[PDB]
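Peer 1: Chain by chain, the residues run as shown.
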Amino acid sequence: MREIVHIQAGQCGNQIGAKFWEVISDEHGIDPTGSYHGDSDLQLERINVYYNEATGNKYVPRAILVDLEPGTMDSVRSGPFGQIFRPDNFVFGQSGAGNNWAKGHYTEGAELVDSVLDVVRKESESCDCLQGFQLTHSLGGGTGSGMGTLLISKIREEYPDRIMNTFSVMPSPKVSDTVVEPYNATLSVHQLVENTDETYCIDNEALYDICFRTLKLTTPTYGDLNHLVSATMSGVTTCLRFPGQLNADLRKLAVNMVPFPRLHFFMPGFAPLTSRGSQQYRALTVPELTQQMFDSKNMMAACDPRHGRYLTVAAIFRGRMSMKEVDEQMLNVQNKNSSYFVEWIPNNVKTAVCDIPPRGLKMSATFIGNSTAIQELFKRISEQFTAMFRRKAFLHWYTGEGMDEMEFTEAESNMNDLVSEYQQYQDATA
Amino acid sequence: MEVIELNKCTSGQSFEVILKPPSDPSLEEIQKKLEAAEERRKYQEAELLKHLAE
Amino acid sequence: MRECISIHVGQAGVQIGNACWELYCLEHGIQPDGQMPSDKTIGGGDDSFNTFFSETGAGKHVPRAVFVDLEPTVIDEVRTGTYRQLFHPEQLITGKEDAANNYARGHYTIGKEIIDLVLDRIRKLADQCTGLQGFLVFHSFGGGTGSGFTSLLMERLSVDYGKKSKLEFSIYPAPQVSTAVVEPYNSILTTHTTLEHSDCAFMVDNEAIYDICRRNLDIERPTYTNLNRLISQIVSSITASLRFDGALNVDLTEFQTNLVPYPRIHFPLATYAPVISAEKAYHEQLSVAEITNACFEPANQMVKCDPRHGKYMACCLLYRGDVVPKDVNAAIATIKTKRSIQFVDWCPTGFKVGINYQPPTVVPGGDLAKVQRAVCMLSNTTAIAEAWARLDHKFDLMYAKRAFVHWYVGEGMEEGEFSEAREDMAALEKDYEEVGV
Amino acid sequence: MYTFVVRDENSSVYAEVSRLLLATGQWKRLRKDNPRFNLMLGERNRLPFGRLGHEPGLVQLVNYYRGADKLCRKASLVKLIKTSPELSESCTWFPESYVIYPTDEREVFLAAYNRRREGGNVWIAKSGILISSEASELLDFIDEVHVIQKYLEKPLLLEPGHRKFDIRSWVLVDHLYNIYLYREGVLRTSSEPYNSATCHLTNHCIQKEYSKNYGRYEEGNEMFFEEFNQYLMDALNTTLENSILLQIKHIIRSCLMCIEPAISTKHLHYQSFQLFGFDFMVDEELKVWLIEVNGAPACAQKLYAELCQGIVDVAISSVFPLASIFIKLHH
Ligand SMILES: CC[C@H](C)[C@@H]([C@@H](CC(=O)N1CCC[C@H]1[C@H](OC)[C@@H](C)C(=O)N[C@H](C)[C@@H](O)c1ccccc1)OC)N(C)C(=O)[C@@H](NC(=O)[C@@H](NC)C(C)C)C(C)C
Ligand SMILES: Nc1nc2c(ncn2[C@@H]2O[C@H](COP(=O)(O)OP(=O)(O)OP(=O)(O)O)[C@@H](O)[C@H]2O)c(=O)[nH]1
Ligand SMILES: Nc1ncnc2c1ncn2[C@@H]1O[C@H](COP(=O)(O)OP(=O)(O)CP(=O)(O)O)[C@@H](O)[C@H]1O
Ligand SMILES: Nc1nc2c(ncn2[C@@H]2O[C@H](COP(=O)(O)OP(=O)(O)O)[C@@H](O)[C@H]2O)c(=O)[nH]1
Ligand SMILES: [Ca+2]
Ligand SMILES: [Mg+2]
Ligand SMILES: [Mg+2]
Ligand SMILES: [Mg+2]
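Protein chains in written order, with the authors' numbering: chain B, 1 to 42, 45 to 360, 369 to 440; chain E, 6 to 28, 44 to 74; chain A, 1 to 437; chain F, 1 to 103, 126 to 141, 144 to 151, 159 to 175, 179 to 231, 237 to 362, 373 to 380.
These are computed hints drawn from the structure, not numbers from a lab.
Just to be clear, a hint being listed does not mean it is correct.
Derived pair list, reagent style DSS-like, types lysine-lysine, alpha-carbon separation capped at 30 Å [what the hints assert, rightly or not]:
id, chain 1, residue 1, chain 2, residue 2
1, F, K82, F, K32
2, F, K79, F, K326
3, E, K70, E, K52
4, F, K305, F, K79
5, F, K82, A, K311
6, F, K79, A, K338
7, F, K70, A, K430
8, E, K25, A, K326
9, F, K184, F, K70
10, B, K156, E, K13
11, A, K60, A, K124
12, F, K377, A, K401
13, A, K311, E, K25
14, F, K79, F, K150
15, E, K13, A, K430
16, F, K28, A, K338
17, E, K52, A, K336
18, A, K338, F, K377
19, A, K96, E, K52
20, F, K184, F, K82
21, F, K74, A, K430
22, F, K305, A, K311
23, A, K60, A, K112
24, F, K32, A, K336
25, A, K338, F, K305
26, A, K326, E, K13
27, E, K70, A, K112
28, F, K70, A, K311
29, B, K402, B, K176
30, F, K305, F, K326
31, E, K70, A, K96
32, F, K32, A, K430
33, B, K338, F, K188
34, E, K25, F, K305
35, F, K74, A, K336
36, E, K13, A, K124
37, B, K372, B, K338
38, E, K25, A, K338
39, F, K341, A, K338
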C-alpha cells in the first residue's frame with residue numbers, strides 16, 4: 001500500500017491522463033463504474051497503488067483533474083470512463099490560459115492553485131504510505147505547462163520528501179503551429195530540472211513521425227498520438243502496478259535511473275508499435291521485441307540513441323515468454339553494442355518481466379533510457395527559443411502578465427547548462 | 006597422515022588429520053552519528069524550503 | 001547447552017531465513033504446528049536442538065529468531081504462510097517504507113527510527129536464554145536494509161552484548177539477479193562498518209548459486225526460491241554442529257578458533273557437494289572420494305575464485321550421511337597428491353573433520369535429490385579476496401564520477417564515508433595479499 | 001561479432017594477432033577497460049585474473065596462464081625443478097643451479135662447489160651477467179636475488195666460426211592444455227669464435248652492440264632450422280630431429296605437464312592460452328640443456344606472420360569459431 005497520487009493538467013494533460021486511466025483500468029479489470037470484474041488475483047494485488055477503495059467494493063482512481071477552462075474536463079466527464087473519477091476531484095476555472103505560461107504560472111493559475119492543493123491534500127491524507135506524485139501535462143501550452151509546474155513547486159513545498167514524477171509532452175512544429183510553444187517549454191524545463199525526480203520526455207515530434215512513417219497514417223490525429231502515449235504510460239508503470247522485483251516503487255526507480263540529480267529526463271520506447279484497431283495477429287518473438295524496443299524508430303523522444311550513450315536503462319517485458327530467452331537477448335544487446343553504454347556505471351541495464359500482457371498483445375516490451383542523446387531534444391527547443399528571443403518577439407504576451415525578460419534569460423541559460431552537462435558525461439572516460 | 010582427537014557419539018564422529026606441521045564504539049558515539057546525519061538532512065531540507073519560499 | 005539467536009534482515013535475509021527454518025523443522029521433526037513428538041521432555045529442554053528452538057508449556061517449539069524488514073510485504077508472507085504458527089508476532093518486525101536500495105537510508109534515516117524497537121525485541125529473546133552464546137545474522141550486501149540496517153544493528157549488538165559472538169551469512173551481489181545499480185556502493189559501505197563487529201562471515205555469491213542451479217539442477221532461469229533452497233542446505237550444513245550432538249564446532253566461538261586466525265581475514269569459503277537434480281531419473285551415488293574431491297572444484301564453491309593461487313589458513317570438512325573416518329582419510333591422502341593445496345607457513349597442513357550420520361534432508365518437492373552422503377567444506381583461503389577485488393573495481397568506476405552519490409548525501413551521509421570505507425577495503429585487499437603471496 | 005581488448009601495447013606478437021583479428025571483420029576491438037570482451041590480450045604484470053569469467057553471456061579467454069610465472073622466472077624455475085618429484089633433484093637436462101640472495127641456498131652451493139675444485145668449476149650468475164671460476168667473486172657480484183648455475187664449458191660449436199649458439203622454440207598451450215610446438219625455431223648465434231679463456240652470450244642485443252662480426256655467417260646472427268639441419272647432416276651425419284628435437288620435445292612436455300594441475304583452466308569460469316619461448320643450449324655430445332622459459336617472448340621477424348596466424352587458428356578461433374604449423378606434443 002504505497003500510494004501514488006495522479007494529477008492531470010490542461011488539455012493535453014487531461015487527454016493523455018484520461019487515456020492512461022482507461023488503459024490501466026482495463027488491465028486491472030475495473031469497469032467504467034469502478035466495479036472489479038477480472039479473472040486474476042495479480045490484477046488486484048497492488049491495485050491500491052493507483053486506486054482508492056469505496057463501499058460496494060468500488061475502485062476510484064487517485065486522480066485529480068485540473069484545468070483553467072472547462073472544455074476537456076467536460077469531455078472527460080462525458081467520456082466512457084467519466085463516471086469513474088471522484089466528482090470533487092474535478093478542479094477547474096473558466097478563464098483559460100491562452101497558451102501562455104505566465105497566465106498558467108503567475109496570474110490565472112495562481113487564482114486556482116489553492117483549490118487544487120486542497121484536493122491533493124485530501125488524497126494524500128487518505129494514504130497509508132504515500133510514495134509521491136505523477137503529473138501528466140504538455141510543456142507547449144499554458145495550463146499544463148505553467149500551472150502544472152506551479153503545482154509541482156507547491157506540492158514539493160508541502161511534501162518535500164516524496165517522489166515527483168512527470169509525463170511531459172514536448173512541443174514540435176510538426177504538430178503545433180502556435181508560435182510561443184518554445185517559450186512555454188523552455189520556462190517549464192527550467193522548472194522540471196529543479197523540481198522533478200523523474201520526467202518521461204514524450205515528444206510530439208517522435209509521436210507524429212511514428213504515426214506517419216511507421217504506422218503509415220497519412221493524417222495523424224491526437225487520438226493516434228495518444229494511443230502511443232497510453233501504451234508507453236502503461237508499460238513504464240507496469241513495475242509499480244503488478245507484483246515484482248525491480249523498480250517496484252518510484253524511489254527505487256529513481257535510485258536506479260538517476261546518477262546525477264539534474265539528469266532525470268528519460269527517453270521511453272515501446273514494441274511492438276501499433277495503431278488503434280490494427281489488431282495484429284502475429285506475436286513478436288523475444289528477439290524481435292528486444293531489437294525493436296532499442297531501435298531509434300521506436301523511441302517516444304526524437305533523439306538518435308546512437309548519437310549519445312546510455313547512463314542507465316530499464317526494460318520491461320510483458321506476456322508469457324521464456325525468461326531465459328529474455329536474459330539472453332538483453333545480454334546480447336549490451337554485449338553487441340557495449341560502446342553505447344557508459345563503462346563507468348557497471349551493469350546499468352535492468353530487466354523486469356510481468357506475466358500480464360497489455369490488451370490486444372500477446373507480447374510487448376517497454377524501454378526507459380537515461381541517454382545523453384536526450385540533449386538533442388533540448389537543443390531543438392533551445393534553437394526555436396533563441397530564434398524568437400534574440401528579437402524579443404512575442405514577449406509582450408508575457409511581460410503583460412508581469413514577467414521580466416530576465417526570467418527568460420535564466421530559463422534559457424539553465425537549459426543550455428543541462429545540454430552541456432549531458433555532453434560532459436557523453437564524453438566521459440573510465 | 007596423523008589422526009588426532011577422535012570423538013564418537015551415536016550421532017556421528019569428529020577428528021583432526023594433520024598432513025604436515027607448520028614451518044568498540046560506545047552507545048553514545050552511535051547516537052551522535054545518527055543525530056549528526058539527521059541534522060544534515062534537516063539542514064538540506066531547510067535550504068530547499070528556503071529556496072521555495074523565495 | 002547455550003542458545004543461539006538468528007536475526008534475519010531485509011528481503012534476502014528473511015526469505016533465506018524462511019528456507020532455513022523450514023529445513024531445520026524437517027531435520028528435527030518439528031511440524032508447522034510447532035509440535036515435536038520426539039521431544040519427550042515437555043515445556044523445557046537441555047538438548048542440542050534447544051540451541052535454536054525454545055519450548056512453550058503446551059509443547060510448541062519456537063525458533064530463537066527475529067525477522068526485520070523496513071517494508072512489510074515479505075514478512076507478511078511469513079505471517080500468512082505455512083509456518084505462521086511457528087513464530088509469535090513480536091518476532092516479526094516490519095516498517096512501512098523501505099530503504100530504496102540505499103545504504104544511507106537504511107542505516108541513518110530509517111534505521112534510527114526502528115533500531116531501539118528491534119533491540120528491545122532481541123532483548124526479549126535473550127532474556128529467555130540461560131547461556132546465550134551469540135547471534136547468526138542473515139542479510140544481503142546489496143539491499144538498503146540488508147546493508148544499512150544490518151551494520152547499525154551489528155554496532156549496537158557489540159554494545160549491548162559485548163561478550164557474545166556474531167556470525168554472518170551474507171549475500172554478495174550478482175547482476176543476473178540484482179535489483180540495483182548501486183549494490184557495489186552498499187556492499188563496500190556495509191562491509192566497512194560491520195568488519196570489526198563480525199567474528200566470522202560466510203559470503204555467498206548469488207552468481208555461484210545461480211550457476212550451480214543452472215548447471216546441476218538443470219534450472220533454466222533460477223528463482224530466489226531455487227537459490228534459497230540450495231543456500232539453506234549449505235547453511236544447515238554449517239549450523240548442524242550447534243543443533244546436533246557432536247564435538248566439532250559445538251559453539252559459535254569454535255568457528256572463529258577453527259577458521260579465523262586473523263580477525264579481519266574472517267571470510268571462509270564454503271564449497272558443497274553433491275548437488276543433484278531431483279528430476280534425474282537414473283543417478284549413481286557418489287563415493288566419499290568423489291564428493292570430497294568435488295570440494296576443490298571452483299564450480300562447487302559458494303564464491304567463484306581459484307584457491308590454487310592463494311593460501312589456506314584453515315580447512316574444515318563437514319560430512320552428512322554414510323561416511324566413516326577411514327574413507328575420509330583415504331580420500332584426502334589421494335587428493336593431496338593430485339591437487340594444489342598450500343597452507344601458510346605458520347599453520348599446520350591439515351583438516352578438521354565432522355561427520356553426522358543422518359544424510360541431508362531435502363524439502364519434499366524441492367529441486368535437490370536425496371543423496372546418501374554430502375559434504376560442506378569450509379576453508380579460509382586468501383583466494384576469496386578475488387571477490388573483494390571485483391567489488392572494489394566496480395565501486396571505483398562509479399565513485400570516480402560520483403555517480404548516484406547524491407542519493408546517499410541526501411540521506412545525511414557524508415561523502416567522506418565513501419572514501420573511508422573504500423580505504424578500509426584497500427587495506428583488506430592488502431592484508432590478503434600479504435598472507436597469501 | 002566477437003570482441004577483444006588490448007592491455008599490453010609493447011607486445012610485438014599480440015600487435016600482429018590483433019591486426020589479424022580485425023582483418024577478419026568478425027572481431028571488434030573495445031576500449032581497454034570495457035569489461036564486455038570475449039578475449040583479453042593481457043598486460044605482462046598484475047593481470048587482473050580475478051576479474052575474468054564473471055560476465056554473464058560472455059565466454060572469456062585470456063592470453064596468459066595464471067601461475068605460469070613459476071616456469072618463467074629464473075629463481076622459481078630452479079625451485080620448481082628441485083622440489084617437483086616429476087622433475088626431481090635428479091633431472092638430467094637442467095644445469096646444476098642454486099638460488100642466492102644478496103646481503126637461500128648459498129651454503130649448499132659452496133658445499134658442492136668445494137666438491138668441484140677437488141678435483144671444471146666455471147659458473148654463471150644470472151639476475159647483467161657474470162661468468163667466473165672464482166666462487167668468491169660471483170657472490171660479491173650478487174650482493175652489489180640471483181641464480182648460480184653451472185656454465186656449460188663444452189658447447190656445440192658451429193663451423194665455420196667456432197661459435198656457440200642457443201635455440202629458441204615457440205610453444206603454444208591452448209585452453210584444453212594441448213601443447214603445440216611451432217615447426218620453426220631459431221638459433222641465436224655468436225658471430226665470434228668461442229674463446230675458452237660477447238662470445239659467451241648469444242643474446243641478440245649484446246651481439247649487435249659488441250660484435251664486429253655481427254651478420255657475416257647469417258642474417259642478424261639467426262640461423263633457422265632448415266640450414267641448421269643441413270649443417271647437422273653434413274658435419275655430423277645426423278639430423279636436427281634425432282640429435283636435438285627429440286630432447287627438446289621431451290623437456291617442453293616435462294615442464295608443462297608438471298605445472299598442469301596448478302594452472303589448468305579446464306574447469307574454470309574463464310579460459311587461458313599462452314605462448315612460451317623455451318631457450319636451449321646444446322653441448323659437444325648433442326645433449327640438450329634447458330636454460331630458461333620466457334612467458335612473454337618476441338618472435339623472429341620472418342616468422343611473425345606464420346606464428347601469429349597459428350595463434351589465431353589454434354588458440355582463439357578454436358574457442359570463437361569464424362564464419373598445420375604445429376607439432377602436437379601428445380601427453
Ligand atoms: C498534426 C496536428 C493535429 C494532430 C491534426 C489533428 C488534430 C486532431 O486530431 N484533432 C482536433 C481535436 C479533434 C482531433 C481529432 O479530429 C481531427 C479527433 C478525431 C481525435 O483524435 N480525438 C481524440 C480521440 C480525443 O481524445 C481528443 C484529443 C485531443 C483533443 C481533442 C480530442 O487533426 C488531423 N491537425 C490539427 C492537423 O492535421 C491540421 N494541420 C496542421 O495543423 C498542419 N499545419 C497547418 C500541420 C501541423 C500538420 C489540419 C486540421 C489543418
Ligand atoms: N539469494 C537470494 N538473494 C536475494 C533474495 N532477495 C534479494 N536478494 C538479493 O539481495 C540484493 C537486494 O537486496 P534485498 O535484500 O532485496 O534488499 P532489502 O535488504 O530488502 O533492502 P531495501 O529493500 O532496499 O530496503 C540483490 O543482490 C538480490 O539479488 C533471496 O531471496 N535470495
Ligand atoms: N649455464 C649456461 N651455460 C652456458 N651458457 C649460458 C648459460 N646460461 C646462459 N648462457 C648464455 O647466456 C645467454 C643469455 O642467457 P639467459 O637466457 O639466461 O638471459 P636472458 O633470459 O635474459 C635472454 P632471453 O630471455 O632472450 O633467453 C644465452 O644465450 C646463453 O648463451
Ligand atoms: N500528444 C498530444 N499532444 C497534445 C494534445 N493536446 C494538445 N497537445 C499539445 O500540447 C501543446 C498545447 O498545450 P495544451 O495542453 O493544449 O494547452 P493547455 O490546455 O494550456 O495546457 C501543443 O504542443 C499541442 O500539440 C493531445 O491530446 N495529445
Ligand atoms: Ca524439551
Ligand atoms: Mg489547446
Ligand atoms: Mg526490501
Ligand atoms: Mg629472460
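Peer 1: Work down the list of hints and note, for each, if the structure agrees.
Peer 2: Hint-by-hint comparison with the structure:
1. F:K82 / F:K32: Violated: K82 of chain F and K32 of chain F sit about 40 Å apart, past 30 Å.
2. F:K79 / F:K326: 23 Å, holds
3. E:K70 / E:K52: 26 Å, holds
4. F:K305 / F:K79: Satisfied, since the Cα-Cα distance of roughly 26 Å is no more than 30 Å.
5. F:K82 / A:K311: The given pair, whose Cα atoms are some 21 Å apart, holds under the 30 Å limit.
6. F:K79 / A:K338: Holds, because 19 Å separates the two Cα atoms, which is no more than 30 Å.
7. F:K70 / A:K430: Cα-Cα ~22 Å, so holds.
8. E:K25 / A:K326: 18 Å, holds
9. F:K184 / F:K70: 21 Å, holds
10. B:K156 / E:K13: 74 Å, violated
11. A:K60 / A:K124: 18 Å, holds
12. F:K377 / A:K401: With a Cα-Cα distance of about 50 Å, the restraint between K377 of chain F and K401 of chain A is violated, given a limit of 30 Å.
13. A:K311 / E:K25: Holds: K311 of chain A and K25 of chain E sit about 15 Å apart, inside 30 Å.
14. F:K79 / F:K150: Given that 30 Å is the threshold and the Cα spacing comes to 15 Å, the pair holds.
15. E:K13 / A:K430: With Cα atoms ~42 Å apart, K13 of chain E and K430 of chain A exceed 30 Å; violated.
16. F:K28 / A:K338: Between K28 of chain F and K338 of chain A the Cα gap is close to 40 Å, so the pair fails against 30 Å, i.e. violated.
17. E:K52 / A:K336: Violated: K52 of chain E and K336 of chain A sit about 54 Å apart, past 30 Å.
18. A:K338 / F:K377: Roughly 25 Å between the alpha carbons, so the hint for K338 of chain A and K377 of chain F holds.
19. A:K96 / E:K52: 25 Å, holds
20. F:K184 / F:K82: 15 Å, holds
21. F:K74 / A:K430: 26 Å, holds
22. F:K305 / A:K311: 21 Å, holds
23. A:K60 / A:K112: 34 Å, violated
24. F:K32 / A:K336: 39 Å, violated
25. A:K338 / F:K305: Holds - the C-alpha atoms of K305 of chain F and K338 of chain A are around 15 Å apart, at most 30 Å.
26. A:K326 / E:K13: Holds, at about 14 Å.
27. E:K70 / A:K112: 26 Å, holds
28. F:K70 / A:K311: 16 Å, holds
29. B:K402 / B:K176: 23 Å, holds
30. F:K305 / F:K326: Since the Cα atoms of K305 of chain F and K326 of chain F sit roughly 35 Å apart, the hinted pair is violated (cutoff 30 Å).
31. E:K70 / A:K96: 29 Å, holds
32. F:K32 / A:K430: 25 Å, holds
33. B:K338 / F:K188: Violated: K338 of chain B and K188 of chain F sit about 59 Å apart, past 30 Å.
34. E:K25 / F:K305: 29 Å, holds
35. F:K74 / A:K336: The given pair, whose Cα atoms are some 27 Å apart, holds under the 30 Å limit.
36. E:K13 / A:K124: 36 Å, violated
37. B:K372 / B:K338: 27 Å, holds
38. E:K25 / A:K338: 16 Å, holds
39. F:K341 / A:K338: Measuring from Cα to Cα gives roughly 42 Å; hence the hint is violated.
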